[PDB]
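This document opens with one chain alone, in structure tokens, the form solved without the partner chain.
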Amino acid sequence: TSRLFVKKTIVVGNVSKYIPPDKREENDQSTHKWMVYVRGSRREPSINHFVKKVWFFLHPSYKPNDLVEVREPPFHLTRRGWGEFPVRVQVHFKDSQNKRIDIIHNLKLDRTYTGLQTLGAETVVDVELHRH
């Protein structure tokens, strides 16, 4: 409905934990566990108001689970891995008028190698959507 919008903040981040050989089974090449999350800003952190679902596109190595739909919050994706790669985060909005957006998030894996969770990276974008 017409020409008014709101600017909204969307944050895509990633955290990672290193998995020591002492904690992987015989045939498990996963050196890391990571968690990509999608969130709003400090002012309002819950994007459930205006977000319908999130599509996570991943590297072909994750086939057949390279495409993941998180419908209801928290919009998080946890997986095991060995490699860094651009994660394509595709957001769909509850309002039919606002078209979907892709956010390319560069996954950053931990290199402290202490086996503890660390903060990898963060991608921040401003989104426009029909207010009314």
Second form
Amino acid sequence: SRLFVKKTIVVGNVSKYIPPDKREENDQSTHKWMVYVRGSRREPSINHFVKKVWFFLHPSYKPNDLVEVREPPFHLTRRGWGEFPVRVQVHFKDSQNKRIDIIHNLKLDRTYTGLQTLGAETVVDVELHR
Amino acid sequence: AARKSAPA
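Alongside the form solved without the partner chain that was just displayed, please also present the structure of the form deposited with the partner chain bound.
Full assembly next; the chain just shown is listed first.
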């Protein structure tokens, strides 16, 4: 009675610098970034319990500032110039598990090599009714 | 949440 399991959810992002000769005209974006929602390496895939993920972006991305991803991978790739707090809202398959908001501070590459680098990861434990 | 970030 009142049984639960804990599962790890990791929100992270990677990015790469885009040199000027590879930038779209009148896009001020200096980077290509990707935010991901994954599980720990030591646990089963989160697709077993995650229904869908909403990514809330900074208003500069309007009218495309709310992006729904229903199937894995729960990845979102965009170009940009600025770091901002990404709100990731995780929805679970089992209705008994309420949605959670995770705020991930987007971290952009500063090596400027044009290679992809790891930016940041935000780790939370969630509770799943059993 | 437990945050970790690369300096560069």
